[PDB]
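As a starting point, one isolated chain is supplied in structure tokens, in the form deposited without this ligand.
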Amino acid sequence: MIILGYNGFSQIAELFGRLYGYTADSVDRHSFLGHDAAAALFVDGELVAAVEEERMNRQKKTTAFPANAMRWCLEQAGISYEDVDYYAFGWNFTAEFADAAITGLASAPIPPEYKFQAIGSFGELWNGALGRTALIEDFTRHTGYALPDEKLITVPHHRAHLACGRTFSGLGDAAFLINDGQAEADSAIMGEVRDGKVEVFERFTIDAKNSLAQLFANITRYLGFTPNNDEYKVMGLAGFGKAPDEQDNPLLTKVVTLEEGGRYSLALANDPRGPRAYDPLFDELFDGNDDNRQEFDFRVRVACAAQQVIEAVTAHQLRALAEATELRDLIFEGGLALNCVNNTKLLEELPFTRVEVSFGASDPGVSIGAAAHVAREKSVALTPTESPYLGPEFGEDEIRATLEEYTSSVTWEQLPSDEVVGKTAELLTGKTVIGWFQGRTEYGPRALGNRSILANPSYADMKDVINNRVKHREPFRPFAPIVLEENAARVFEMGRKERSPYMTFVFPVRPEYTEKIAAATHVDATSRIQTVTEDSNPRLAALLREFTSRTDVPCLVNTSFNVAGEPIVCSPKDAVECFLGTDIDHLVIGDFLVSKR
């Protein structure tokens, strides 16, 4: 009936910091699991609430116990921990897993007599992190409710990455690819969903030590970025480069071997030096010294090479899946489905007629999926849902409440909805960088027009002007446009898609609209679009239509409403504090058109 899915390990931060040197200030801060801790609630096979702890605790990609998200999810339903029939995790760390780990660490070709240091820390992880006893402890201590062992279901990560996909795909029968990084033991799985049943083809499975995702993570670090937070800069860089031939791609020759049966392996996948083992190889393959490694022309080259291996491998994978099922509807989920550029290639160059990637293709989504995996096994008939607007909402008074605490800092005017829209439109007529706070808090990495900074993409300078006022200049991060679905066909080369409401896909820009929307476009002539309707986001649809009618411009820019390193603003306070620590020209929060003094 009622199921709560969650991700989080209160101690993994300090555990990974201490045992494995992954401190909160390291470039590896985001490169241990439990990142994107969140809670999610199904009631009678309906998703009624979901928020990520990072939106609440204000710590980007948090690994914390999802205390704030759980309470909020239960309060949204006027229910309590006891009422919750079941609790789903989205990590299946079974006793049998640890053994193969303790066992495997024992068979280490590089025993330093410090296989103990290894086995010892993996035990400190197991007894305070991955263990069922450790979960029931952590839950009980943070909730106050004492998690009965009978209520806890630990769901394999991928079966949750997928269960998420399945909740949003709108599909029925379908093939699935899960390519994620951090996982239990498998890095990538494939199979199908036929007559509502999941069957995994074991023959296509890939171990955790041949992680294509990790390879991309190690490229993101090598080039001077964060390995498991900012890979978008490589995808971004890749757009300034011409892809090399797959023969001359040093990553497809010496690192990545395409084995028969849609399989693949990585060199140095057993090297004991860990993931850092590859750093020295890229140096050889790419002629890297300490001076050249973070220079643009070099980065563009590693990024180009890296971008292709993902497209090459995943293609190799799904062309095998194609010959393994007649189903031509795909579910793609896992880290690697954050590569919106590849996602559109898989759709257009491979025999699958529908590739579907959710806002929770990422890990935050295992929290939702955990619950959906449980819900289905229980004959709980799942209500189809397509909305990412799943998190906290704020009322007139709550906003007026917070806007009294900042009267010394900002003036405002509460308006009718039909005119909050109209005024913002005339502002977006000029070069305004505005903040849009509306509806419930979008789930997942990308903002979808409830916590967004809007701006007009027709101003020649606009890319620099947004970067200058939003204080978050990202040299390699392209901006993305919102467009009414009814205009997407005419504005973009949409190929085999009618709509893309989750910016999980990237489309080329028809050269009749390329000047009008150029700030929402990459050097690729590409754009990470968001299709909008009166059904998806009524107020964002109202806004778009009016701004177009005044400007004859079919798209606005939708960029995440945050400061650098900060997660997406969750609350009115969150929004106002961002507004005032930036040079955003106005905030529209609810029915208040806020101005600075």
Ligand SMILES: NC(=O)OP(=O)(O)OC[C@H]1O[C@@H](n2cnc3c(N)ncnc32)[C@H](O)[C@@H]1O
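In this text, the rigid core denotes the largest set of C-alpha atoms whose superposition between the two forms falls within 1.5 Å. Positions refer to the first chain, counted from 1. First, how it differs from the form solved in complex with this ligand.
- Here the rigid core is superposed between these two forms, and of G170, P109, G78, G274 the C-alpha of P109 is the only one to shift by 2 Å or more.
- Relative to the superposed core, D207 shifts its CA atom by less than 2 Å between these two forms.
- With the core held fixed, the Cα of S121 is displaced between these two forms by 2 Å or more.
- Comparing the forms between these two forms, the C-alpha position of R473 differs by 2 angstroms or more, with the core used for superposition.
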Contents of the next structure:
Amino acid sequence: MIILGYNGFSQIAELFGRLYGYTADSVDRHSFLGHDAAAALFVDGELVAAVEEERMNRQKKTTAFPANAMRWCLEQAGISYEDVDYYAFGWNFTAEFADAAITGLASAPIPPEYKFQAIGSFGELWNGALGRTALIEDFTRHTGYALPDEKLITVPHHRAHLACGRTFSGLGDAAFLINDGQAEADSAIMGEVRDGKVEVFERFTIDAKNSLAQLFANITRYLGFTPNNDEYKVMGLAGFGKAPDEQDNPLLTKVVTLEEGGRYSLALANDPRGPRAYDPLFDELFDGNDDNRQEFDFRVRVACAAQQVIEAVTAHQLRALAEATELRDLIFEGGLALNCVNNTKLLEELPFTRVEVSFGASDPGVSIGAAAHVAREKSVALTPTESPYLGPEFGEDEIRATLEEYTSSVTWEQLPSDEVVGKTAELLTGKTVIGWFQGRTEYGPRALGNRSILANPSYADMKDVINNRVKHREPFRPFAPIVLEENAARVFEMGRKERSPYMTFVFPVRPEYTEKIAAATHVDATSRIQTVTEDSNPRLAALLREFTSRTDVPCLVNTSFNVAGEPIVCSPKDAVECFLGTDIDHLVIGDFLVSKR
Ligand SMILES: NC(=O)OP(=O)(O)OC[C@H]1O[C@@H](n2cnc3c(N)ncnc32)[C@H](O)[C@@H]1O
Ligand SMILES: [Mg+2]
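Would you mind generating the form solved in complex with this ligand now that we have the form deposited without this ligand?
Below is the entire complex, every chain and molecule, led by the chain shown above.
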């Protein structure tokens, strides 16, 4: 039983650019489905391989067919397209949905002129990208394998999110919340998993016009940031501000309405100007004009408001789900689980003992999920696994061959394998920013110490220094720390958590370490931490013991290894080209210590 799950449409790029004006140069360029195209391959229940097409084609959140990733996934498992039993697509645009979607459109309080325009666009998206026919054509043009209808199973988007979380959570019977920007028809659902069987409580299912995630997205656009690429900047800005009273939160009274059964709805959900309608309504709530919106204290006030909406709405949803079932082990998946601040708050302030958000809570995870969903259904007992390190590895010979292609630009020494960790630790004792390239490429949006820039957080000026050594760093972004699992409770206020290996939860820094791990903390006194063990990342675990024995510092800064708007480096080619395009001191890539000439 070989099952491959994927996500992408080659024509989705073209169609949104034309129909909705969402073009490659627009701030709305990441705001259409198919973003975070990828492949994930299960052989006999072991998740053998996975990587996002953004890492291969080097184009961020690429909506493309994941051709290079599917190539690589098959190569890793040493098979071809024809050995795969079922392909899993992480969207389920069936005829039944399209039947309901038109029927829905027909039945709506709208001038029929807007109705023709909408139904016709949905047609262009249907025929162009979404439909089972477009899919089979799209696959067949790109792989060269002609995909038998038999071998293609489309998974409901939200169900694909669910399948990702279950694969990595460790749990059995669990409650769950999926809350993403938009699915086929829903924007969020809740239910439970009991003794293998998923059950959606349809009573909580929120429609796509009442989208909590896309409200935050509109807010991100409002403040001159890229919606669907820069929402953390809002979360980030909520750090420098005080939350209003919930009765004093303009967005929580004139935009969002809390309904019984943990439901909610939005003013201007049915306005046929689309979502851009909220732009002037936001000016009418926050003094907004053309010399105040992209300002700081403005950005901060809004941010706090938006962040509180997020905290407020999701809190309601989960309260409801509390009575709806007995279970207190929660799976939170979908893109609103990217709000790591909010994730901690749900855990601590609500009745769920355990809350598991995976490194694939976002759409990148729906490629893994799509495959997992089909497998479990095929009674294929799934080998439990916690590892995000699912992408391309590189040998000692492939790195040495790449560094020789750059003899003119960099020098390098090849250290003995088990001395590297200790030599990098000695460097890291200084005001030194490091490139760290080891093991298989990590999956999802956060770098978890295989394609990382590392640095010593103990020096007070290190924040300013990292941002200066790696020019081309994207602003409004705080630095996150790595720590060994054992030092987590000592250094951070963990509450109900004993470990956070994916940077999915934020935690307050205890006062006795605030000067020691400064660079890896926000002004909120918060760190989006990655716990590390000899089991999860032995080389990374080892680095920390060497670094900590020398400095008595328990944490290293771990920030994504990339320039602005470029995705995380995948190849060693990628790593060196980045190292040279930055003022980073050194690059430790496998057993090699690269320096510049
Ligand atoms: N399925 C689909 O359409 O893609 P998806 O599941 O990846 O959507 C993620 C959604 O979460 C929003 N989002 C991203 N980061 C966020 C954060 N920190 N807080 C709140 N919303 C966030 C983001 O703007 C987007 O609306
Ligand atoms: Mg999604």
